[PDB]
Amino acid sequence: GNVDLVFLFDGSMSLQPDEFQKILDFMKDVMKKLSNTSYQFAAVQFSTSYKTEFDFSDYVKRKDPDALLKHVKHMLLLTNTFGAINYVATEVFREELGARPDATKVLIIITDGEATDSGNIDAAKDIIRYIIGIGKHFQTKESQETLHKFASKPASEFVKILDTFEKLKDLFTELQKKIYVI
């Protein structure tokens, strides 16, 4: 059926220009591969606060990813992941913003550090959540574990730990192996 997918991407101070761009490129990669399908997208940048870079309606209006993400400006602040996920659940997955009531909601969270806030993401639990943790800040098993609470279960399936930003291309190569005409 229809799938409404939101890319919630980290725009923290830790990110170097090329790493940030690499996060954005993975997003573009997935979009252009899934162009003209039942998939519809929205992208939200999060750091201390949040910004819907383009919503579902924007996407359908002009499906071009490079264009849709042209005005993105790296926030360079903190990593308030709990608030960010809640913002997506209540402020992005909305009909007035182009979300289809029927669609399966999917969230792809991309981050390079532990959340700088706390609370709960109860309001977003019906959304299928994937989280990609990248870089040195996720060197230890402990840091990696902290991400499980944001993603769907099992974590072995929904949580992806990447050692480098370059590995995003690797991740894209693998996700494509899972594309099928059904």
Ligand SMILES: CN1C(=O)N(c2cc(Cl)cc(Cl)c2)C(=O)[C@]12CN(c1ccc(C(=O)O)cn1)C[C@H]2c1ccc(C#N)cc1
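Numbering follows the first chain given and starts at 1. Only residues modelled in both forms are compared. Only the largest set of C-alpha atoms that superpose within 1.5 Å between the two forms is called the rigid core. What changes on going to the form solved in complex with the named molecule:
- Superposition of the core reveals a Cα shift of 2 Å or more for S14 between the two forms.
- After superposition on the rigid core, residues whose Cα atoms move by 2 Å or more in a run of at least three fall only at 13-15 between the two forms.
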The other form holds:
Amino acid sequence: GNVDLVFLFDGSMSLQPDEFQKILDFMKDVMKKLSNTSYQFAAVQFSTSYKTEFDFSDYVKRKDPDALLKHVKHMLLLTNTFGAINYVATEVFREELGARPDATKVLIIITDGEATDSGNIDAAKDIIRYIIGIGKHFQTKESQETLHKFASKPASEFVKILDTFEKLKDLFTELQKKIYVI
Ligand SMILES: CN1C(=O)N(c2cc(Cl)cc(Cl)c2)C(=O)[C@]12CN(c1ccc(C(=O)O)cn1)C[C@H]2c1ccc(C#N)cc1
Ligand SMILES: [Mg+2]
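Since we've got the form deposited without the named molecule here, give me the form solved in complex with the named molecule too.
The complete assembly is shown below, putting the previous chain first.
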């Protein structure tokens, strides 16, 4: 039942410090809920480039979500989502960085914008992909459907649309009902 779960998040266009911090609180909430399970976590911030904020090895060593995310700085550039997914698949889901070859791979993508690059995510086909689109750039049904190409299928399971960053707490509340932690 081992799961290696990566958070991949961009808040470049949700400038407000309060909004960006809600992204961080959401990841903290999830990790706290799943501490001392067979889940291991990593997190990657993306904008124009990609930064591993902590890898799986760091999680096992420090296992304190507050400490792991203490030094995160808000990147304010673009939204290179194709590049970011390929980065995670080729750089983060790697055994040298503490990833477990036996584990189920789950990628949680958190974005406030449509992608500013193009490409494919063929490298990520063995990864279960959820995407959360947040805020005013996803108010139209059209903009929401552009996120389907990044997510696993069906989109009704793997694509979540939130109208405000305040709604991450309510998404967390609803996710908790789908797990039972022994
Ligand atoms: C339902 N489901 C779900 O929403 N997510 C999910 C979706 C979002 Cl947007 C964000 C986050 Cl943090 C988790 C998941 O990862 C799962 C699918 N999943 C698995 C686990 C294993 C396998 C497999 O073995 O194939 C497939 N899917 C575990 C389940 C889950 C639910 C709630 C939390 C919390 N808090 C964490 C995980
Ligand atoms: Mg962006």
